[PDB]
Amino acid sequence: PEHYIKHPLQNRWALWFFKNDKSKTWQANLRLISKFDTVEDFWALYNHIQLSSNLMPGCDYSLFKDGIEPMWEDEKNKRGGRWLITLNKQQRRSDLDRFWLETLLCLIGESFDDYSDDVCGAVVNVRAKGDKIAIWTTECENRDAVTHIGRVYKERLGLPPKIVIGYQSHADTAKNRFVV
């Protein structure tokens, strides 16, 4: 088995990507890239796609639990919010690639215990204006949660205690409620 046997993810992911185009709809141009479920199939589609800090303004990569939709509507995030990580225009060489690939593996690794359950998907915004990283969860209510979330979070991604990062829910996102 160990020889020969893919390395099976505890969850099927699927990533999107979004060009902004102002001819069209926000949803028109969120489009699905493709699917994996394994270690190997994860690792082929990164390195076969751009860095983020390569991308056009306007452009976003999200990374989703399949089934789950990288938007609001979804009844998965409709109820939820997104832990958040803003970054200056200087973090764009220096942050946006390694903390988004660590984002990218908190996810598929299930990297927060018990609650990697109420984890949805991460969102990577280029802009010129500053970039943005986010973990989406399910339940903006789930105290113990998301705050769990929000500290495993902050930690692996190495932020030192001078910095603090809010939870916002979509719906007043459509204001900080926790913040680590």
Second form
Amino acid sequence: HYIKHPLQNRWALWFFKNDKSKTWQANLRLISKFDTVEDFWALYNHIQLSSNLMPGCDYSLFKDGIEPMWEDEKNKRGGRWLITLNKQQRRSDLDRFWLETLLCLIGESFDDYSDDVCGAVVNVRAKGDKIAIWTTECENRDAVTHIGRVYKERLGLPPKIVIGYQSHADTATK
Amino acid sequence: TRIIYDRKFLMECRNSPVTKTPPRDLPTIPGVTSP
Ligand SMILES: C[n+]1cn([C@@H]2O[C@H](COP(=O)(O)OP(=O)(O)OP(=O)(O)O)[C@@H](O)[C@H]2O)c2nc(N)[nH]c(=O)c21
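Show the other one: the form solved in complex with its partner chain, since we just had the form solved without its partner chain.
The complete assembly is shown below, putting the previous chain first.
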């Protein structure tokens, strides 16, 4: 006897399996979709912590209909607010920051500019784990700025962890 | 108008009884999911 609380958006959780035989897109896999708070927690409570993913693997949470790749119409001209962690920060902060990121997404924490958010991505990597929020238009400087500011506040980033914005066009070049 | 939730409320919902059952068609991905 419970009424679930609906989210503004329906979301999809993706997993990326590091298989070097296969193409990047072919390693991408849909786990599940949800559109209530309680379904979010039901999913979260039955998946692995990011810090325990195999090296080279990712989680992505994206709005329904947006694939977690540069090529998607909604990401093409977009970009990301990115933080990179070192090795001790995997243990102490990765899982905390990822969950905080997820709550920013589903809770629509960026006011009107929440419509500019496409999703978020966590990359578990030997060289240093990465968390990012993907936004739809790198040129919407107001949206980008506000999202970045609020996101940095909600994460509670210490100054030793810098947060930076880059367009996917530049990433896909380098 | 937009449905917005702050952190404290989202966290309180985690205790709900509906969050203790996995999603119905959760796939089997050993090490990643617990269906
Ligand atoms: C997010 N993304 C990652 N890849 C591929 O996987 C590679 C690794 O990208 P990465 O996001 O996994 O970073 P990584 O830490 O592994 O290494 P880095 O490039 O030095 O930062 C990319 O260079 C692409 O070949 C991608 N390839 C395509 N076609 N589209 C994407 O959106 C995409």
